[PDB]
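Engineer: Residue strings, one per chain:
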Amino acid sequence: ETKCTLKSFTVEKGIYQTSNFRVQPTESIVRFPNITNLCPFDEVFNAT
Amino acid sequence: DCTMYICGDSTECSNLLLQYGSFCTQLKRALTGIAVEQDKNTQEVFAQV
Amino acid sequence: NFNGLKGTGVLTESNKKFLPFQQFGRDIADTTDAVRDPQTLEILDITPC
Ligand SMILES: *[C@@H]1O[C@H](CO)[C@@H](O)[C@H](O)[C@H]1NC(C)=O
Ligand SMILES: *[C@@H]1O[C@H](CO)[C@@H](O)[C@H](O)[C@H]1NC(C)=O
Numbered sequence: 298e299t300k301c302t303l304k305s306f307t308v309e310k311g312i313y314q315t316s317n318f319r320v321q322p323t324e325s326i327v328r329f330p331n332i333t334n335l336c337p338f339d340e341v342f343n344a345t
Numbered sequence: 737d738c739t740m741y742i743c744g745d746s747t748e749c750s751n752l753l754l755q756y757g758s759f760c761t762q763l764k765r766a767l768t769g770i771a772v773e774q775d776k777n778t779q780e781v782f783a784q785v
Numbered sequence: 542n543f544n545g546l547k548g549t550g551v552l553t554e555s556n557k558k559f560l561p562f563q564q565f566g567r568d569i570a571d572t573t574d575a576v577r578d579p580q581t582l583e584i585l586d587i588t589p590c
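Residue numbers (full-length UniProt numbering), protein chains in the order written: chain A, 298 to 345; chain B, 737 to 785; chain C, 542 to 590.
The hints are simulated quantities; they were obtained by calculation from the structure and are not laboratory data. Careful: at least some of the hints might be erroneous.
What the hints assert, rightly or not - Pair ranges (Cβ atoms, derived):
# : chain 1 : residue 1 : chain 2 : residue 2 : range
1 : C       : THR553    : A       : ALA344    : 46 to 52 Å
2 : A       : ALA344    : B       : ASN751    : 56 to 62 Å
3 : A       : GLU298    : B       : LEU767    : 17 to 23 Å
4 : B       : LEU763    : C       : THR581    : 41 to 47 Å
5 : C       : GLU554    : B       : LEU763    : 36 to 42 Å
6 : B       : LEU767    : C       : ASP571    : 22 to 28 Å
7 : A       : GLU309    : C       : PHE559    : 50 to 56 Å
8 : B       : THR747    : C       : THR588    : 15 to 21 Å
Said to hold, decoys possible - Under 8 Å between C-beta atoms, here's a sample of chain A residues computed to sit facing chain C:
#  : residue
9  : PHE318
10 : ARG319
11 : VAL320
12 : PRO322
13 : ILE326
14 : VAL327
15 : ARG328
16 : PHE329
17 : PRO330
18 : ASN331
Where a beta carbon is used, it is the ideal one built from N, C-alpha and C, also for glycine.
Using the sequences provided together with the hints, build the complete structure.
Structural biologist: Dropping the structure here:
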């Protein structure tokens with residue numbers, strides 16, 4: 298990893314720095330305020 | 737850190753940052769020059785003995 | 542994606558509570574960090590990476 302960072306096949310005796318912490322993406326979630334006050338379709342297909 | 741500051745939690749910016757070249761190699765090696773000098777400044781004033 | 546809140550991050554429970562007129566939450570960076578949950582009444586913190 299630090300050989301990849303330094304763009305060389307040899308590194309020197311010392312502290313270096315690589316890419317920081319990041320949790321890789323796994324999935325996606327979607328949610329929304331739940332279903333209320335539905336449109337009056339029961340009247341318009343079950344009309345007497 | 738370059739990638740996760742200018743583009744937080746977006747993996748498409750990792751592709752667009754590498755094609756700008758050695759900007760972030762220069763900027764990281766610039767601020768490391770300060771970050772090693774501050775150790776040298778404190779050792780210069782106090783540690784003559 | 543909380544009704545248009547696009548972004549990626551991990552989700553924790555926040556001890557603080559919002560007022561009934563409040564739905565979102567900002568920070569110094571002016572972005573979403575802790576919001577009220579859409580379909581259930583508790584406050585969820587978006588902990589970043
Ligand atoms: C519409 O009417 C039919 C017949 O009475 C019934 O079976 C059906 O359940 C009704 N629709 C709804 C949504 O209740
Ligand atoms: C919607 O969510 C709220 C909060 O959890 C709950 O009180 C309500 O009963 C829910 N309604 C439906 C139709 O699920």
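Engineer: A separate judgement is required for each hint: does it hold in the structure or not?
Structural biologist: We went through each hint and held it up to the structure:
Here the CB-CB span from C:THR553 to A:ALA344 is close to 50 Å, well matched to the stated 46 to 52 Å. Taken as a hint, the range 56 to 62 Å holds for the pair A:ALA344 and B:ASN751, whose Cβ atoms sit roughly 58 Å apart. Take A:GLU298 and B:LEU767: their Cβ atoms lie about 20 Å apart, and the range 17 to 23 Å holds. A hinted range of 41 to 47 Å holds for the C-beta pair B:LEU763 and C:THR581, which are about 44 Å apart.
Separation of C:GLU554 from B:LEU763 is about 38 Å and conforms to the stated range, judged on CB atoms against 36 to 42 Å. For B:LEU767 and C:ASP571, the Cβ-Cβ distance of about 25 Å falls inside the hinted range of 22 to 28 Å, so the restraint holds. Our hint of 50 to 56 Å for A:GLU309 and C:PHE559 holds, since their Cβ atoms are close to 53 Å apart. At about 19 Å, the CB distance of B:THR747 to C:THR588 agrees with the hint of 15 to 21 Å.
A distance limit of 8 Å between C-beta atoms decides the matter here; for A:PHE318 the minimum to chain C is near 6 Å, and the interface restraint holds. Proximity of A:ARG319 to chain C holds as hinted, the smallest CB-CB distance being about 5 Å (cut-off 8 Å). Against a cut-off of 8 Å between C-beta atoms, the interface hint on A:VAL320 holds, since the closest Cβ of chain C lies about 5 Å away. Among the interface hints, the one on A:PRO322 holds; its C-beta lies about 6 Å from the nearest C-beta in chain C, closer than the 8 Å criterion.
Satisfaction of the interface hint for A:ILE326 is found here, the shortest Cβ-Cβ separation to chain C being roughly 7 Å, below the 8 Å cut-off. With a least beta-carbon distance of about 4 Å to chain C, the hint placing A:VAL327 at the interface is held under the 8 Å criterion. Annotation: A:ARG328 was flagged as interfacial toward chain C, and the flag holds, the nearest CB pair being 6 Å apart, inside 8 Å. With a cut of 8 Å, the hint placing A:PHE329 at the interface with chain C holds, because the nearest CB-to-CB distance is about 5 Å.
For A:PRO330, the interface hint holds, the least distance from its beta-carbon to any beta-carbon of chain C being 4 Å, beneath 8 Å. Taking 8 Å as the C-beta cut-off, the interface hint given for A:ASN331 holds, the closest approach to chain C being about 4 Å.
Checked against the numbered hints given earlier, this structure breaks none of them.
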